[PDB]
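Single chain ahead, written as structure tokens, the form deposited without the ligand.
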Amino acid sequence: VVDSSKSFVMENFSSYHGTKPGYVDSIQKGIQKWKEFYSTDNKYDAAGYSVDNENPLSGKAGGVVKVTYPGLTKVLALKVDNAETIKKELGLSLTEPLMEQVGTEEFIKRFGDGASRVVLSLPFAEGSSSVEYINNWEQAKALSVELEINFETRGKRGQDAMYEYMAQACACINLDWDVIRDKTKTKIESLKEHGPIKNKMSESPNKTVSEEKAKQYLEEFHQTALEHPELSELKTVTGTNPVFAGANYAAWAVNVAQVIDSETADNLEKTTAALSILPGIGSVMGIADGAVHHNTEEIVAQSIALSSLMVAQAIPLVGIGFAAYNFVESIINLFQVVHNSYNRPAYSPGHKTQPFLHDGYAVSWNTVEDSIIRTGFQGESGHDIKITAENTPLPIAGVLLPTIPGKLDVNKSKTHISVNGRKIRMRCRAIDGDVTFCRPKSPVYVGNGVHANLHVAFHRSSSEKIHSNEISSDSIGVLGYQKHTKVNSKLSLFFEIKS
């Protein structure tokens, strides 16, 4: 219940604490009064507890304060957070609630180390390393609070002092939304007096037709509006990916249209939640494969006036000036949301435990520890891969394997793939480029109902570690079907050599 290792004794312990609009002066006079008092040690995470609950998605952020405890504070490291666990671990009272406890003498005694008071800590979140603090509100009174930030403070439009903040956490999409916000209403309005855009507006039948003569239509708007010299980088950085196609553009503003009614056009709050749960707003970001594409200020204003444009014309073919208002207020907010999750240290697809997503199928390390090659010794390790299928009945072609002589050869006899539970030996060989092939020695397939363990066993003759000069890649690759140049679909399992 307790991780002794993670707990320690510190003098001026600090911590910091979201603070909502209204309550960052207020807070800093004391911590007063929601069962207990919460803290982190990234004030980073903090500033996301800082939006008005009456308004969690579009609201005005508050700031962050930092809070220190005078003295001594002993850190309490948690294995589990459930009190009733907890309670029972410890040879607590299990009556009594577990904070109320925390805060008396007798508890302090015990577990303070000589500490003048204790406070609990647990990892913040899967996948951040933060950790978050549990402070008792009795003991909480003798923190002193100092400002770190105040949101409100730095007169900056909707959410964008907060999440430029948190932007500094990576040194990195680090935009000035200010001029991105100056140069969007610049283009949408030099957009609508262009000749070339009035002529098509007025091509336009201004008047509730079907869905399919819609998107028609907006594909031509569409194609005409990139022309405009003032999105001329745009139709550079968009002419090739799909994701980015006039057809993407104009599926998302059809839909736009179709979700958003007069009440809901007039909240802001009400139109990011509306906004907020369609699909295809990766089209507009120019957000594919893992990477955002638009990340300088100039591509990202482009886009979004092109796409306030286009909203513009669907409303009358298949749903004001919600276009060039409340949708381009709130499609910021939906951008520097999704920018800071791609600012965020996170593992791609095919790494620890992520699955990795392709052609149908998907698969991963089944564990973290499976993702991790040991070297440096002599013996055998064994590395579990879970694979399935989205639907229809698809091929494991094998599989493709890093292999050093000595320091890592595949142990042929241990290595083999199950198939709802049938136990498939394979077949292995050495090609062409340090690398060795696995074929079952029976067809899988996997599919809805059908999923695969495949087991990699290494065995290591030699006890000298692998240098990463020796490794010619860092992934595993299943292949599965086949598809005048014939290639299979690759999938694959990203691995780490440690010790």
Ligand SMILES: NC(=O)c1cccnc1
The other form holds:
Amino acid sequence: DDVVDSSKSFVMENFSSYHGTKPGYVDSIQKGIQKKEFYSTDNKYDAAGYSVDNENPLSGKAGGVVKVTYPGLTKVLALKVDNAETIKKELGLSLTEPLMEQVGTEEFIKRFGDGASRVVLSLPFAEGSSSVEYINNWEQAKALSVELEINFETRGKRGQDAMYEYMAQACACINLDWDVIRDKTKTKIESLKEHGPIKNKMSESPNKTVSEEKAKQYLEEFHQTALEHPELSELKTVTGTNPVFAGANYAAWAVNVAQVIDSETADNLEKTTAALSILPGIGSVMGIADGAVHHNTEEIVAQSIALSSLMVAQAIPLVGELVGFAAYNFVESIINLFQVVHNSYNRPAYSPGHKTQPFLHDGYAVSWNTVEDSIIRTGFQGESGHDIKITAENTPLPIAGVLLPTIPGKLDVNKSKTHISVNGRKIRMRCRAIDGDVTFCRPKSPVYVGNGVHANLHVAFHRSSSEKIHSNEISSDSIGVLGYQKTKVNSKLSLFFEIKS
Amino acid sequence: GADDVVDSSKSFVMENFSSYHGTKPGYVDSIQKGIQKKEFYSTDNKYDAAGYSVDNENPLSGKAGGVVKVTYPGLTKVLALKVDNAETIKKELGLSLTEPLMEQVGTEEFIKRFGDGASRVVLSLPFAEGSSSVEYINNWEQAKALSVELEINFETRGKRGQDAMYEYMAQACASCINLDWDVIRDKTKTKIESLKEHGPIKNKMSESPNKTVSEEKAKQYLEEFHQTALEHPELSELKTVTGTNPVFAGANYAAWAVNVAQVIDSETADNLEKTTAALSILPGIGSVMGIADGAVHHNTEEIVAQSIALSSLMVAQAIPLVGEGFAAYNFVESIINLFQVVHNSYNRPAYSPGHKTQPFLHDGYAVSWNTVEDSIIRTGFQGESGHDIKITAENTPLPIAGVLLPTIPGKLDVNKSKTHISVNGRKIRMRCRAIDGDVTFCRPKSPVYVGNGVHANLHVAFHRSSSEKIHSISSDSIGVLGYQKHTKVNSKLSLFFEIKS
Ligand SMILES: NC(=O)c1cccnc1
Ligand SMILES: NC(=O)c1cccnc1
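For the form solved in complex with the ligand instead of the form deposited without the ligand, what are the coordinates?
Below is the entire complex, every chain and molecule, led by the chain shown above.
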């Protein structure tokens, strides 16, 4: 009875999976799997993320990854739910005994093993992940042979560099040499601290608790002065245009750090990371904005970190409780946060306006209602409807209309089924072709969205031809929802679609 | 088959089945003599029908016809459909895939197969997303048997603009914005006349460049004009209610005023429909309407007339300073219509941010229950449930510090091992501890950041050791904590749930 996905289940000889292991168990675990649940994964880089010292999960040492292999035949049973009660129930299992202890018995292995020596349960690893998680019964797991994939400690590297440089292999991609960056950062911090112009600005410092608005002003001056050093010249150029990367934001960052780091915290890397990790504005130092990692060479990353460090040094006497943190634990900790965020951007992910990820802009939030909505099926005659959610954060903002791609016969707008519903008020639309690759639909009643007022734009397409829409044929890959008017232009809210079938 | 397109449970046979039809001006008398002609449309909701009665040539601001009640004699079958797709429906219902659906629906054959003894079949579809109304689709031939009665003629009410239509709709909600627009019109004109004579005001006017000037200089003048203007006795109340909320400050009135002058040329000024089109796509209207944070604050006839009277005066002053009479004529007429539109939205039942799948938008974050079912915590059974919350942010990396989960002794506990947060697919386990007041605090074991292109799925797992139904918890919300910002607090992102079963 179906809590079990047949199509993703199978039997396999020498079935292997991966298990991330904490420091102090790497050698130990190779001697065999001892305790039901023992977890493994088909993805060794995801395995790696489980290797960090449990006493210091944010910043601790990473242990390693092992490959575990069942000799003989192994049944991998893929499940559609992770609800043990449903599972115990739709498989005629005993609803009293645990699930995993049951999958280890011969009775269960007989009925679901298909001839295999044990069953291993399979689940989706995580939302937004295509990896797989295996749940193994402890008894059956004593059969596994264990082999070393990598020990991060034998690597001899600082912080969690070995773990992150490993994961970064998944994408062959931000693949930085953190050893190079560490040394360059150290060098630049030292060089900065000697510079005549900078030592001077420093002496212009009130060197005592001042108001936040004042410390910021000084730090903006320090930043401007420091950014003229030859060692930060590349950084001067790359931070030159984007508002996120401006001195004011470095200043706000330094001030913020100074405010939260006490002595107890300063003196411990785990506690320092915990405290830094919850601050806003880190994107300014990382050079991360608009969905891209701009600071993506060792040289530029090290410059930004050096600058930030000198600035945290300045802000401490100004707003800090600290009577060297800036050059020690602050550097070590921020390096960790760079690596966490870089790893995120390295992972396959849907961009705003793709699938059901919201597109967030000018106060609006819009999204395809479901994944299927974001798909425009082709190669048949007939209708399809596509729902887009629209709201705004606070005050009422208008929706002027919507730009829809068109192809004669293959994709026309159905003028009478296309509409926009505002808190249930159905508002028909007036659509007129422009380009002939684009139709513009305006609502026949004013549309506003805001806190408490949401809309569902329902796009209806009609296909007179059975011919498939081809690769180089669609003028755009997005639908353009137009917000308020602001040369006069409209706030542009994009939902990206895919042509399938 | 048929079960795959017809909703058996929501279908019925009814005697003297009635529905409503919105009729355009000029047809309110002619329609009462019978329904004649691809489909005839009606609805179970007479206020929704009202929305369809506006002059097609002037959709935005034209005259409203009326509403009629149409009744079939004897027995009628209402056939509720699960899909609105003609092809799917003709197929699964084994119809002629070549003829129009509604043509076939009106034949003897079809009526015998699906009418259950009724004299005809009417099709039923959800009226719209976010609405609980129903849309009826009627065959033209069969529609001939309909007797037609007047429900309301909006023209006999002989009121100005669309007042009669909107005042009728507001009856849906007996809370409810139910304004007398006749009084607002009278009060408005009366105050525009009073303000325009005032010594201090008339003065302030002659102090104006009365010529094309930059935007920053017109804004300054209008802000000044605003403050002077606000001290008039007749705008006394307005003075108090716009005192504290920054949305309502003079700066925003001037921004609005300047916006209106910039976009209204002579052609537009001379036409109400064109004026409403131009006005409807401007940002900032919440400043005039007094609408913010999910509430309509300007909800008395007096206070609305004051706000409108002020904006008009201000647009009048902005026109010589940044533009190309209209200020007291069409601008008033048009903005009145827009108030009525947004008011009607707020009167309509809708989900507030963070309820069901409506997103909660705050401090750069967007969070939402992933599906409706996630937002429900089922009760009255022992065992597990899981709850998915989408989390992202608009631009730079912003942290998620943790989550606050409501609990109940032995009725609802947090399953610590299943609860986790996945960041672009990286599954991050959580450290959860019960704190004071029946709340469990769970913080991630690796730092979490979200931003453009980085999203998370927070997966909350509850466990119930008792089968005792949960009776009327401390909170009705889950508190996702953002970045840390008197005292140190975290950004609060609330997801609201319902207890059912
Ligand atoms: N220790 C692990 O590698 C692991 C894999 C999957 C789920 N949980 C833990
Ligand atoms: N004119 C109408 O009342 C109407 C009802 C439902 C749908 N479309 C039009």
